[PDB]
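Construct the entire structure; sequences and hints are all you get.
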Amino acid sequence: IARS
Amino acid sequence: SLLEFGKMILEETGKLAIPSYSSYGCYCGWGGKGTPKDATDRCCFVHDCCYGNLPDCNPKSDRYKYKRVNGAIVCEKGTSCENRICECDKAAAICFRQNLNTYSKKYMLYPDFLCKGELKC
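Residue numbers (our numbering), protein chains in the order written: chain Z, 1 to 4; chain R, 1001 to 1121.
Don't read these hints as lab results, they were simulated from the structure.
One thing to keep in mind: the hints can contain errors.
Unchecked claim - Which chain R residues face chain Z? A few, computed with CB under 7 Å, are given here:
1) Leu1002
2) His1047
3) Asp1048
4) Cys1049
5) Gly1052
6) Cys1057
7) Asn1058
8) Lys1060
Every residue, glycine too, gets a C-beta built ideally from N, C-alpha and C.
If you want it as structure tokens, here you go:
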């Protein structure tokens, strides 16, 4: 999972 | 959750969240500094701020439910965190759709060092  | 946001992005734009919006500009997927590169990147800036409004929620993993009422996204009632995460995601997906016209592939894999300066939410 990549952030935001 | 991130996977749900990704599905929402694909539904709205026809682009796969990865790789179209996972490394775009300064704020889309991993990013916290710089002047957003364009309107799409500003969608991510605002989305990051929106998640920032929920320090005691876990937007990347917590799942929410939503439906479509003739195209329109309608966030269904879950926990307070889920509702707020869904509203953030819905706004970003709509924003991506609104700015597809200026989306530029040159901002994919945008280098970190070109993103400097802190912009207040």
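Cross-check of the supplied hints:
1. The interface hint given for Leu1002 (chain R) is met, as the beta carbon of that residue sits about 5 Å from the closest beta carbon of chain Z, less than 7 Å.
2. Hint status for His1047 (chain R): holds, given a least beta-carbon distance of 6 Å to chain Z, under 7 Å.
3. The beta carbon of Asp1048 (chain R) comes within 6 Å of a beta carbon in chain Z, closer than 7 Å, and the hint placing it at the interface holds.
4. With a cut of 7 Å, the hint placing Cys1049 (chain R) at the interface with chain Z is violated, because the nearest CB-to-CB distance is about 10 Å.
5. Nearest Cβ of chain Z to the Cβ of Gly1052 (chain R): about 10 Å, over the 7 Å cut. The hint is violated.
6. Interface hint at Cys1057 (chain R): violated, since its Cβ lies 12 Å from the closest Cβ of chain Z, which is beyond the 7 Å cut-off.
7. Interface hint at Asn1058 (chain R): violated, since its Cβ lies 11 Å from the closest Cβ of chain Z, which is beyond the 7 Å cut-off.
8. Interface restraint check for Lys1060 (chain R): the shortest CB-CB distance to chain Z comes to about 5 Å, inside 7 Å, so the restraint holds.
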